[PDB]
Structures are given as structure tokens and as C-alpha cells.
Amino acid sequence: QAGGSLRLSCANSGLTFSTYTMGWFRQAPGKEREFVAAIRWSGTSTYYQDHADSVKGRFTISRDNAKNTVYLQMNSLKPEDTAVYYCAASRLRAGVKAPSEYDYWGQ
Amino acid sequence: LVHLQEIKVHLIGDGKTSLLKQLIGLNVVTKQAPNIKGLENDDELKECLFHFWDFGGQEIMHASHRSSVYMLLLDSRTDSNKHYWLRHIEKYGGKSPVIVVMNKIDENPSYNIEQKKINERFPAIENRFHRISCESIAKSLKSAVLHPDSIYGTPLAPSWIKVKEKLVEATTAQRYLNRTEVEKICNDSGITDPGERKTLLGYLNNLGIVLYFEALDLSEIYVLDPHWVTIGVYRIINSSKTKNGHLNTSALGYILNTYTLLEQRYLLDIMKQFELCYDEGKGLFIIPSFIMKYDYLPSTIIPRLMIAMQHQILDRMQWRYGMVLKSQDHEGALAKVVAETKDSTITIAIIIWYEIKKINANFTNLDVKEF
Ligand SMILES: Nc1nc2c(ncn2[C@@H]2O[C@H](COP(=O)(O)OP(=O)(O)OP(O)(O)=S)[C@@H](O)[C@H]2O)c(=O)[nH]1
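Protein chains in written order, with the working numbering: chain A, 509 to 615; chain B, 1403 to 1773.
The reader is advised that the hints may include incorrect statements.
[To be verified] Pulled from the structure, derived: some chain B residues nowhere near chain A, Cβ distances all over 10 Å:
#, residue
1, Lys1448
2, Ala1465
3, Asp1508
4, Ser1535
5, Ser1545
6, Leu1548
7, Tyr1554
8, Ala1559
9, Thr1662
10, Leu1664
11, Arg1667
12, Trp1721
13, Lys1760
[Stated by the list, open to error] Straight-line C-alpha distance at most 30 Å; calculated DSBU-like pairs for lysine-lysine:
#, chain 1, residue 1, chain 2, residue 2
14, B, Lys1439, A, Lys564
15, B, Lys1541, A, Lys575
16, B, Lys1493, B, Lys1600
17, B, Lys1506, B, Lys1744
18, B, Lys1493, B, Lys1760
19, A, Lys605, B, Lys1423
20, A, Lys575, B, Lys1544
21, B, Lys1423, B, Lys1439
22, B, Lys1600, A, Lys605
23, B, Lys1695, A, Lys564
24, B, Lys1497, B, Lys1759
25, B, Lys1544, A, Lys605
26, A, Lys564, B, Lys1760
27, A, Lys605, B, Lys1439
28, B, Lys1448, A, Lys575
29, B, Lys1519, A, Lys586
30, A, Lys605, B, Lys1519
31, A, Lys564, B, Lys1759
32, B, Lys1484, A, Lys564
33, B, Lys1695, B, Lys1760
34, A, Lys605, B, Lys1506
35, A, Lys586, B, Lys1541
36, A, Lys605, B, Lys1568
37, B, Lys1695, A, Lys605
38, A, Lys564, B, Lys1493
39, B, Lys1568, A, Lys564
40, B, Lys1759, A, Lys586
Because the hints were derived from the structure by calculation, they are not lab data. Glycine is no exception: its CB is placed at the ideal position from the N, C-alpha and C atoms.
Pulled out of the complex, with its shape left as it was, chain B reads as follows:
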């Protein structure tokens, strides 16, 4: 049949420019085998597409923006927070190959991590390590791309690749497909099996060309373009107006600006649907980005615990890392929950536990500790 020959790479920092020096970008950049320096010698992967994504920050948290390769990035000052992104790769993402690389070794030429312990702890590593400053990176990347736990060579019918190309052509301009149009394009080749269409959309999403979620619940948008629909969330998630903690009523045009008011309220609905903020009232917005301890403290657990705004709240009392609650139920109770990123802990002042469990339920074998 016809193979796909495509893959995506998310750079996971805590560096990113250093690995951009091997490219010669605000994520989502495309490269071919000649583009990568040090890996163009191998004609084995001459016709292979590479997709590079990368981010970084403290409150920036986009878990969902196999079928990829994750090069984790480390620096000597950030080694204390190392379990975080590794557990993030283990939980979210997929079963993708992981390449851990330590950068800026010139400032401390004597520091090496215990790569054996983390390699045995994380079975997606398999001793793909580098200790270079600003190459074995090309060898590790090649040995990671061609893996059964990843999709680079996958045999699918050519009609599938025609449908994928047509979907890309439609999505690069429309930026959001309708379910009716999705079915129309799928049946252009006659394919209408829910399983077949689901697998086609999964291979289109996990490769990061056209995104598709199971929690949109919106009839206006079925699939969506990462080149705009993710950068849109990036702009509103931080614009120095959400830093204070509250976004204006409808001043998203001041934030952003191909983007208009129709797209403005499209993305408004999208961001309420992703369970990231709550619209409160009169155009108010939260953007929230006993002793319970979590390894790999999820970045968005306070944004999900602060959705209950028409519930216990004293008065506009939020730390952007915490909040204050005032029970409106029987009797009177005053509560406050606040987070500590440096300790990966959550505090409770005195339903709250029920909401915390309902939020952490969206994790796969996430270890928790109570005290």
C-alpha cells in the first residue's frame, strides 16, 4: 500500500533555542530530512516529515494543544523539577519514544544526572541521552522515529491519504470543519464506517495537522487547525490582563487583532468548553492559571477547581495560585484552597474533596498522597 512517512516532535522544556539551532519557533514548524543537520547523511529517512512543537513558562499549561517523539530538555538549575515533565509525558501524549537531553553543560562541566535510574523508571527512554552544550542527537532521533510504538511507516489505503490531503486543504482556510462536511469528505472516497473515520481522524490528530477532541460538544466546529486554534488559546491565556486574574467583558479584540469577532466568540466557546475558565457574570473571567500531596502536580487543577464560581466564594479572593471560599449551604463555613508549585502541594482551609477527586479522575495512574 502507501505509507504515511510523517511524525511530530514536541520539545518539552521547563534550551529550546539551542535545539532551534539544529533546525537552522513558537511551536508547529515543519522540516524534512535535508533540513535537519547531522541526519541528512542517512538516505533511509530521506522522505520523512518532521513536526517540531515547543513551549515554556510557569502558568502556560496546554496538555492537549503515540505518533510522536518527545525530546525532554534539562538544565542544571531546573533539575529539581524533573519528575514533572517526565510524568507529563508518561500520562498525556502517548506511548511515544522519549529522548532526554541535558543542555548548557559548559557552565557546569561536572554535572551528569543518573541516567540509568530514570531510564529504568521510564521505559520509553532506552538510553537515548545527550550531554552537549551550545551530534548524537541525530542518531537518537533516528533510532526513536522507527519504533513500533510510533507511527512513521504505517500502511494505509491511498484513498486515506487523498482524504487527508483534502482535509488539510479545507482546514488551512476554513480552520474548522462541520460534522456534515467531515462526513461528506469521508464519503467522497465512500468511507462511512465510524471506526474507519475515527481512525482517520485519530491519525490526522495524533500527527498534529488537524486537531479533533471528543469533548467539544459544539456543532459549529468538528475538527480544527492547530496553526490558529492553539495560538488563539495561547494569546488569551496570558495577555497581562489575565495576569491580574480577571479578563475584561469582551475585550478579546484588544488581545488579538485572520481573526475576527465571529472567531472571537468561537474561541470564547472553545475556552469554556476546554474547562479552563468560567464566565461568572457581567463579563467577568477567572483564568485560574487538608494536606494533599501530588507528584507531578497537574498545572491545571486549580483552573478546574475554580470553575465552581457560583459556589463557595467569599469575595473575588484569588491568588492566581489559590482562592477563598464561603459556604452558601446550611450553616456558615469559610474555606480557602491554595497551591504551591515549588512544593507540589495543595492546602485546604476550613464537597471540596469531591471536586478535587472529580478533577483528578481525568488521569491515568496518577499517584496521590494525603496527609
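Just chain A, with the same shape it has in the complex:
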């Protein structure tokens, strides 16, 4: 419901991991895969950890290494912000914060 909560979990098993960054992209009406929140987490460490537009507090991003999962927490959801979320994996190790390198699309 409007301004509620919604935790989405995206799991990846047996892949590069270290050479991989997980980014969430929201685009329902062909919105050209707009960037929402990415994380280059390596164990307890985290390198990129950046947001866009709605920013933090509104949207929370976390990663747990216990089951190799990334969690997107939806809070104060604005009804017009209706879009479908996709997981994307970046693998290039030359140049941090690589949007165009999110080639391996998730589920």
C-alpha cells in the first residue's frame, strides 16, 4: 500500500562475486533501466554504496554474505513510483562505478 514497506531479496550463488557488483534497476514502462541502488560488497566490506533520486532513507540497500543475498527495503513508497525491479551484475575490473557494464541481468 502507499507509503508502506517491502523487502526484496535477490540471491546469487557460485559466481565471480569479487568481480561482480549488484545493482537494482526499476523500469516498468520501458524506462531504459534507470539506476536505483548498487553495491560492490566484498564480505563485510562495501565500496560503491550509492543511491539516486529517491536516495537513502526512502530506499535502503543492504547485502548479507551469510546466504549471498542483496536486500532492497522499500519505505514511504510513493504510488506513482510504480516500476518493476531487476538485478544486474557488473564484472569489469577497470574503472569503478560501471553502469554500462551491468551486462549479466538477473532473474
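Using the hints, position chain B with the ligand against chain A.
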């Protein structure tokens, strides 16, 4: 691959001790996540290096001592001169995240700046503000470090980090590398691409461990150590002998003193190369630190306009904020250019405009006003 996990922070005042209370330093101090109070709770950045630099003064002007975070510092009496350091961060530095903090709120608990207007005016802020006196500073710092416009987690080959460590080991003692030695260390790992070596040196410089400029033009020194080569410029730029306006012939040993006469004339050549002063003759030194108005009046525009010493000058007539000129060209003209920091203006008494434009050309979209 292997990431870098390092960053530099320059404190930009007009305070600095107040933010040194969060550290528990004449710039260039190193800290880790446990060292910072209030940010050690997050294990996200446990293995992160922090470099803190800070200065302050009126005639002290070292524009070049992303890949950093700038915490601008404000005080109620200095809010009139606020556009200065903000435009300085916009022009020089990089595209680094900026955190504006207002300090000493206890003396005036009713003063708050219009943070919205400056936040929209400066897109590197993004509402990272504090109004504390002597913490949200830790949260702002964390949210600023992990930014695409900054380098904290950057994937580079491990050979690059070995080369960086070897360069640090060489520079902490030698203090100045040769181009031959730079290439030798670079090709120790086999890397000889000018682009690759250029990026490695840029990541070494923009993080402020080993400096490197494109205007040295000296074969004796290629890169250089900020722990000594910047403090050296700091000593000579003000020693109460340059306050009067003229430095002695070679009495830099009286100023300074690991530093000797060889390093003395190394740094002499360096300071003439940085376009800060002119050697005139017989060991004389200037150290210069119509209606034309500049927002963010560059601190070193008079030092660059006074390099033309063998040109129009009447006789040793310098205000340390101005000068007097006497045209030696065809006919006879008397001129004088003087600066006013409190008004951010320059005056002209009656080539001069050509030199002013040639000096201000080294700026990126610096607004100017003529009257
Ligand atoms: N006792 C005490 N003194 C303070 C406090 N805050 C500021 N001061 C005083 O302010 C002075 C320093 O002002 P400060 O804002 O740090 O200027 P600065 O950093 O030295 O100069 P700058 O150009 O880089 S901004 C010190 O003398 C210090 O005593 C405080 O909370 N307690």
C-alpha cells in the same frame, strides 16, 4: 581484483581544531576507521584509510599543495566570505563530495544559513550539513566517501598496488623521483604504457601520497613527497621576512634549518616553477602574496601579475596587495594595480589586461565582471 580503500579529506576553513577534536595538525594526518569517533560502529568501512589536510590564513595560498571529500568549515563572522572557498572547491580540487559544516553555534544559537540555496547552487553537497558547536558528521562522511564521483573502492590490478607501495617506499626517503627511476619502477611490473603509468601516477597524486605536476619542467624531480615538499613552500611563503615583501638573497637556511642547501636550491627552482615569485636581481624576491570584479577573487592573481618585474615598475613600490608600474615602452606612462580582498576587486591606474587575461585563463568557467 584488488581495491584501493583510501581517500583524502581537505578541511577548508577561512574550527579546524574543532574537527581535530574528532580525530582524538598542520595538514597531512592519517587515520583508520577505529580512529574516527562515531564512524567505527560501521564495519562496512573498517579497512578504509583517511587522509586529513587543513590550512588557514589570509595570504597563505596553496591551490595545488576528485579522489577526495571536502568538508567546508563556516563561522558566523566569516559567513560574508562564503562564496570564496565554495567556488574554490568547484574550480580546483575535483568533482569531490562536499560537506558544509557550521561551527561555533553556541555563541549564536539562532543563526542558520540558507542551506537549501547553496545546496542547489553546489551539486556536490546534496544536503550534508551540520550545525554543531564544540554526531551527524560521521554519517555525512560515510555517505560522502562511497560515491561514484570519488575513488574509495576502485578495482585495479594488484601489480598496481605493489608499484604504489614501492613508490611510497622510495619517496618517503628520496623525496623526489627521477623520470628514469619512475620508468624503472613502472617496468618492474612491466607496465610502460604512457596511459597506464599516467593513470597510476594520477591515482597516487589525487590521493595525496606522492605528488606529480605537469608543469615542473625539471629533470631532477619527477614526483615529490607532500610531507616535505609542501611544508617547504609553507615555510618560505611566510617567515616574517616575506611579510615586509622581499626575501633575502639565499637566506633560506635561516628560514628552514632533513633539509639542506641542495634541497634549498631544489625548492628554490620549484618555487620559481610554480609561478609564485620572481628572483629579480642581486638576490631580490617579490613574493607578491580599469574596474574589474571577480567572484571568488583568486588569491594568487597578484603573485602571477607581479612576475613581470623587468617590465613596468617605478621603484620597489609594492603593497603586498598592490604595486606601481612605470612603462619603459614608447612614451611614458605611470601605472599601478592594487587588490582589495574585502571587496574582491582589482584597480588599474594609468598589456596589463593581456597579462591579467593570461593569468585568469588558468580557470574553468570563472565568472568575471568588468566596469
Ligand atoms: N576553548 C575553546 N576555543 C575554541 C572553540 N572553538 C574555537 N575556539 C578558538 O578558536 C580559535 C581557532 O579558530 P579556528 O576556526 O579553528 O581558525 P583556524 O582553523 O585556526 O584558521 P582557519 O583559517 O583554518 S579557519 C582557537 O584559538 C580556539 O581557542 C571551543 O569550542 N572551545
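Hints, verified against the model:
The beta carbon of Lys1448 of chain B sits about 7 Å from the closest Cβ of chain A, which is not more than 10 Å, so the claim that it is off the interface is violated. At the 10 Å boundary, the C-beta of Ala1465 of chain B stays outside the reach of chain A, the nearest C-beta of that chain being 26 Å off. For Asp1508 of chain B, the non-interface assignment is confirmed: its Cβ lies about 29 Å from the closest Cβ of chain A, beyond the 10 Å cut-off. No beta-carbon of chain A is positioned within 10 Å of the beta-carbon of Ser1535 of chain B; the least distance is around 26 Å.
With a cut of 10 Å on Cβ distances, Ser1545 of chain B falls inside the contact zone with chain A, its closest approach being about 7 Å. For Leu1548 of chain B, the shortest C-beta to C-beta distance to chain A comes to about 4 Å, within the 10 Å cut-off, and the non-interface label is violated. The claim that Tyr1554 of chain B is not at the interface with chain A is violated, since a C-beta of that chain comes within 10 Å of its own (minimum 6 Å). With a least beta-carbon separation of about 8 Å from chain A, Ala1559 of chain B fails to lie farther than 10 Å from that chain, contradicting its non-interface assignment.
Every C-beta of chain A lies more than 10 Å from that of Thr1662 of chain B, the closest at about 42 Å, which supports listing it as non-interface. Distance check on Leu1664 of chain B: its Cβ is at least 41 Å (rounded) from any Cβ of chain A, clearing the 10 Å threshold; non-interface status holds. A cut-off of 10 Å between C-beta atoms confirms that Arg1667 of chain B is not in contact with chain A; the least separation is 41 Å. No beta-carbon of chain A is positioned within 10 Å of the beta-carbon of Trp1721 of chain B; the least distance is around 48 Å.
At roughly 36 Å, the least C-beta separation between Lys1760 of chain B and chain A is larger than 10 Å, which holds for a residue marked as non-interface. With a CA separation close to 23 Å, the supplied pair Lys1439 of chain B and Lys564 of chain A stays within the 30 Å bound. For the hint linking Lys1541 of chain B to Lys575 of chain A, the alpha-carbon distance of about 27 Å falls within 30 Å, and the restraint holds. Between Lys1493 of chain B and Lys1600 of chain B, the direct Cα distance comes to roughly 22 Å. Compliance with the 30 Å bound is thereby established for this hinted pair.
For the hint pairing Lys1506 of chain B with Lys1744 of chain B, the CA-to-CA distance comes to about 23 Å; that is within 30 Å, so the pair holds. Only pairs whose Cα atoms come within 30 Å are accepted, and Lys1493 of chain B paired with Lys1760 of chain B is accepted, the gap being roughly 17 Å. Of the supplied pair hints, the one linking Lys605 of chain A and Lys1423 of chain B is violated, its CA atoms being roughly 33 Å apart against a limit of 30 Å. Under the criterion of a C-alpha separation no larger than 30 Å, the hint pairing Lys575 of chain A with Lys1544 of chain B is consistent with the structure, at around 25 Å.
Restraint check for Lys1423 of chain B and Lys1439 of chain B: the C-alpha separation of about 10 Å stays at or below 30 Å, so the hint holds. Taken as a hint, the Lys1600 of chain B and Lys605 of chain A pair is honoured in the structure, with Cα atoms around 20 Å apart against an allowance of 30 Å. For a cut-off of 30 Å, the pair hint linking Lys1695 of chain B to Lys564 of chain A is broken: about 41 Å separates their Cα positions. For the proposed pair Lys1497 of chain B and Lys1759 of chain B, the alpha carbon gap of about 25 Å is at most 30 Å, so the pair holds.
The straight-line distance between the Cα atoms of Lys1544 of chain B and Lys605 of chain A is roughly 17 Å, inside the 30 Å bound, and the hint therefore holds. Distance check on the hinted pair: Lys564 of chain A and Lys1760 of chain B sit about 45 Å apart at the alpha-carbon level, beyond 30 Å; violated. Between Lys605 of chain A and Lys1439 of chain B, the direct Cα distance comes to roughly 28 Å. Compliance with the 30 Å bound is thereby established for this hinted pair. Only pairs whose Cα atoms come within 30 Å are accepted, and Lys1448 of chain B paired with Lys575 of chain A is accepted, the gap being roughly 21 Å.
About 26 Å separates the Cα atoms of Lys1519 of chain B and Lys586 of chain A, which keeps this hinted pair within 30 Å; it holds. This hinted pair checks out: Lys605 of chain A and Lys1519 of chain B have alpha carbons roughly 29 Å apart, not beyond 30 Å. Restraint check for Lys564 of chain A and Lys1759 of chain B: not satisfied, since their Cα atoms lie roughly 44 Å apart, outside the 30 Å limit. Annotation: proposed proximity of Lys1484 of chain B to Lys564 of chain A holds, straight-line Cα distance about 28 Å (limit 30 Å).
Restraint check for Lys1695 of chain B and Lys1760 of chain B: the C-alpha separation of about 16 Å stays at or below 30 Å, so the hint holds. Restraint check for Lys605 of chain A and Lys1506 of chain B: not satisfied, since their Cα atoms lie roughly 37 Å apart, outside the 30 Å limit. Only pairs whose Cα atoms come within 30 Å are accepted, and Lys586 of chain A paired with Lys1541 of chain B is accepted, the gap being roughly 25 Å. Proposed proximity of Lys605 of chain A and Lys1568 of chain B is supported: the alpha carbons are some 27 Å apart, at most 30 Å.
Taking the CA atoms of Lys1695 of chain B and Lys605 of chain A, the gap is near 40 Å; set against the 30 Å cutoff, the hint is violated. With a C-alpha separation of about 28 Å, the suggested pairing of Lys564 of chain A with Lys1493 of chain B holds against the 30 Å cut-off. Taking the CA atoms of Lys1568 of chain B and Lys564 of chain A, the gap is near 40 Å; set against the 30 Å cutoff, the hint is violated. Only pairs whose Cα atoms come within 30 Å are accepted, and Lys1759 of chain B paired with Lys586 of chain A is rejected, the gap being roughly 52 Å.
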